[PDB]
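Remarks on the structure that follows.
We show some of the complex, not the whole, and keep each chain where it was.
Which chain is which? They are A and B, in the order written, and residues in each are numbered from 1.
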Amino acid sequence: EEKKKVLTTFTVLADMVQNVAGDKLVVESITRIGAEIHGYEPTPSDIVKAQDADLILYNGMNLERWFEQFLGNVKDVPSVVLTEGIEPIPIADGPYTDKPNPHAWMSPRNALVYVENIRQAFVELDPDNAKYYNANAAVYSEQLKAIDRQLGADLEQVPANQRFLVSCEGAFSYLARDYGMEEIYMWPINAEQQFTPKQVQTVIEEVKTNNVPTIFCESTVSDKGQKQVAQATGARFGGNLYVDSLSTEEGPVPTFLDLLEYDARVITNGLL
Amino acid sequence: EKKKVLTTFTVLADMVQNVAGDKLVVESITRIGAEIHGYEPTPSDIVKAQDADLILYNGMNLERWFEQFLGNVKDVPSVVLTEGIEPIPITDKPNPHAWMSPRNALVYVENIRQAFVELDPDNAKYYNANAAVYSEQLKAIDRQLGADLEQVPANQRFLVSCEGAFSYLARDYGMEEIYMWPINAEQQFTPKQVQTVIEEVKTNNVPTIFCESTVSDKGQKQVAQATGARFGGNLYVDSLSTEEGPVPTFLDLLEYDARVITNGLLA
């Protein structure tokens, strides 16, 4: 017979689920690498091969604003939210200023429930392959638990009164909170965007108020804003941090687990 | 169907086209006359890239947006046409405008050739044949260029321009060089760089000065007004012109720049 078709909204999710599924399900990701996901716009093609899938996973917390309408044209397909159970961090200011922060995957302690929700989602869809999925989930959690200790151990070194993480959509609030870092971001969440210069302004000062050596951006949004801060208090522009999407198998962050390790050192060795 | 090759800009496009013959369909990411050092790829470009059977590029950080643009384009053969060429440094990063030098172009086409036979080896015979013929025209014109620029006497071989894109040209035919900014970049330039160029024309008596087709002329004109230095029009480096217009081909771009400068220091 044939293998079931699973479909995740974006790549970070796609890779997370690929570790739980092993060779048993064919897992594809809706969006296509380094694409803004917070507000992607689906094409008939994505809605037509979606209708031809056995299940659609998604993050929730309104990460994908475009999804409710997309799922809207798939009747033909159930869909599980991978955040089921996590206590969210509310946002800071602006528009959806008290709605959940969707970037909960950035906390390994939260990545654990994420795989749990993936597992439960499969165990049912393809019960015949319960064992595996379970074997694969155990292993993967074991790995998330591992990488989790390596991060606490990476960020501890930089002194507490220098633990400042500065970015664009500061979608790391979670990683922030896990290892006790203070957060400095130009905007709270992605959107129509185009950042005001009052924002890029607060950044110009908070980094002088706080003498932060390295600032970074991300592979989905624009570097134009931060670079300024790369031009205000000699701050060093680190490369890109990774959250709303991985990089290909070449280049860094080709797997979620790598995103985590990676983001961490360049932070760690950007504050040192 | 023929394979698709995509290159970062339009000088590369005319070059790799000449090697490709009617056996490949060759496409440039940037339009015509667009500043290439500082372009912001549209998702239109990203898709073009994905379906591309190969992507050629300059390297030497010429096209600064490429690490990023290639970031979001999985598997997709990627070669730098600059490999094997020695840079003149600029703070002291490499001057990417290597193609501006006939002797160097021979190795661009060389790397284009290597990459076309690794790609469509079924047509290997053609590429080499084209490349050999192209290479030969390259030689023919490298001379003539020398034969144009030597007329202008050794001590008035000053090449003033907006970006220092001509280092490899200057180098090749013993020309001193003067420019308002070394490399395109955040730019807007400064009043103090204009204050440096507007000095040479008198400190070395340069009748003629130029800019280039991808960057603003506003600044190089000041210098022209602040000094009895005629502002000759555009030079061409980062991009071509349209068939109508000068410089529709790389070779044309070469013969052209040299002729306008050569005369333009005469009288």
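Keep in mind that, in the parts below, a contact is a pair of C-beta atoms (placed from the backbone, for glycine too) under 8 Å apart; a residue touches a chain by one contact, two chains touch by 3 or more.
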{"item": "Full count of same-sequence chains in the assembly - 2 placed in this view", "value": "6"}
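Heads up, the rule we're going with is that only the chains that are shown with their structure count from here on.
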{"item": "Approximate Å spacing (C-alpha centroids) for the pair chain A, chain B", "value": "40"}
{"item": "Touching residues on chain B, where the partner in the complex is chain A", "value": "43, 50, 68, 71-75"}
{"item": "Chain B-facing residues of chain A, complex", "value": "32-35, 219, 247-249, 251"}
